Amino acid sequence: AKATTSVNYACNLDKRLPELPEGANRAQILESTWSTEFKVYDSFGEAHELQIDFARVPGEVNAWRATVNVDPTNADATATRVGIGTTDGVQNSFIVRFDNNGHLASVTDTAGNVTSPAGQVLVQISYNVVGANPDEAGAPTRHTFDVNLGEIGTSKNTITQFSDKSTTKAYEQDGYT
């Protein structure tokens, strides 16, 4: 068995889900949310479910907050963190923004770190491996990998916001049980 180091992931987020005003209530936000899940694998032979909830941002067009949790039924314990170029100083969500043609434009983590204006977009993920010994520095053992969301401004194998069904269009990675 062997650990996920990188996930090639892409989805379409249905542009037809209503845009949200700043004051939107919980149910309006849920109507404009699409959730998905895929597996990642730690270094010790265990598959973990990674859940992403993509919800439109109230008061901003063409912008979705993706909230990520590994082991979503034990999410406090895994303390999932997501960031651009880091997993320090961040929580577990990022805002993905699309241009006016529905193509990926930017990703920003909760510390405000943002993707370069062009190129491939990698989101760093880390989470506590529950039940594991700490590392040799005594720090809790964490599984760190990246998620490649595709190439800014392009559709192929890249997250998009088209007026079509929300769906996964790419998932492949290098870990296994």
Second form
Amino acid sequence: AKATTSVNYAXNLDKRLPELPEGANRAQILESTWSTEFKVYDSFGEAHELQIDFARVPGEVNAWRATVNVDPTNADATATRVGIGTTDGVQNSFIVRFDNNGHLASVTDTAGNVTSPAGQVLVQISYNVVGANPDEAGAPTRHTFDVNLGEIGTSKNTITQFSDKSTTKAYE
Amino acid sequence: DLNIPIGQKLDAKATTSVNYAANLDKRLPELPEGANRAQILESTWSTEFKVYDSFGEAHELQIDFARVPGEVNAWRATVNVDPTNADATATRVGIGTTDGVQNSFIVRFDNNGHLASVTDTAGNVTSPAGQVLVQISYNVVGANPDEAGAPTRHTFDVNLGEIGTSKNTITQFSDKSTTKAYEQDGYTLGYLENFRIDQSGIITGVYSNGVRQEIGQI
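What's the form deposited with the partner chain bound like, now that we've got the form deposited without the partner chain?
In what comes next, the whole complex appears, and the chain from above leads the way.
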């Protein structure tokens, strides 16, 4: 039990998942959304859930929108934003792209800052932790996170997008 | 140190080479030089086998072996990757190239049955002897374009055999029409499942797509 500092993600997303035309309805988005659920800890020692929904962006191949929401039951609160470098000029989504071999290629968040052409890919998560607790935290108070998708150009401990069943999950 | 975890991934290998061989029935009737679509049908034989792109997607490659009209011991092979979407994949099959040729070729048979020669539509013919390789190309629909903007293509060869033999070569012997041999070297994504040791000390890893890679020996 620690401030989780980082969460490594790996495994495969299926290329064959279809797009989301029309702003498709409830049953169609679920047919094209792979989700992953994980458990994490804050500075104090409280247990929170980290959920990331992966779904193909309509109109662009090999590109995925990942929506992150810690404690998804809790709408609006916790804020929850993700953003590579920066973290107030961004929402709770980032768009991950893959290259013609199924290997990780790029991450881009709500703003325009993109990951470097090489090296490990970190995205950073940010939320307000609440749940009463006796002595006060004051102000919005937050908890940055760091999520490790792996390193570009490789499949070792990295997510991949091949035409096989989806397998992406969190580890350590 | 180098670590080899179980459930480690093995990227997909796109097909580069297919080894195909089949026999076309010679006792199929010949085609007069101007037949209709039902008569080319009763003198054609089609088949299908898989190839793999670099995402590990299997594409069904379909070949229709139709008799050349009038001319005998000659068949025409119309090739199509992904036949239900044959127009967008735009297959092209030549000898030595795939630029500026159509998705078809003619294959003439030796008087004994053995593969004589193969000629594309551009005029590119085999050589009189040796193994015959047919270059095949198409659009990988799901691939990102290249640096220039082109829709990216997957290119591989089809080894029909060597001129004048059988066993591992295509034939036109009399009755029986089927596929003999199909060996292609591509495969889909795979995961490391377990290690296996050998009467030698050679430790291999086996993957879920049955690939079997080695590491070293004792």
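Residue numbers count along the first chain shown, from 1. What we label the rigid core is the largest C-alpha set whose atoms superpose within 1.5 Å from one form to the other.
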When you overlay the rigid core, is the Cα of residue 27 off by 2 Å or more between the two forms? yes
Rigid core superposed: residue 118 CA moves 2 Å or more between the two forms: no
If we fit on the core, is the Cα of residue 135 displaced 2 Å or more between the two forms? yes
Given the rigid core as reference frame, how large is the C-alpha shift of residue 88 between the two forms? Answer in angstrom. 1.8
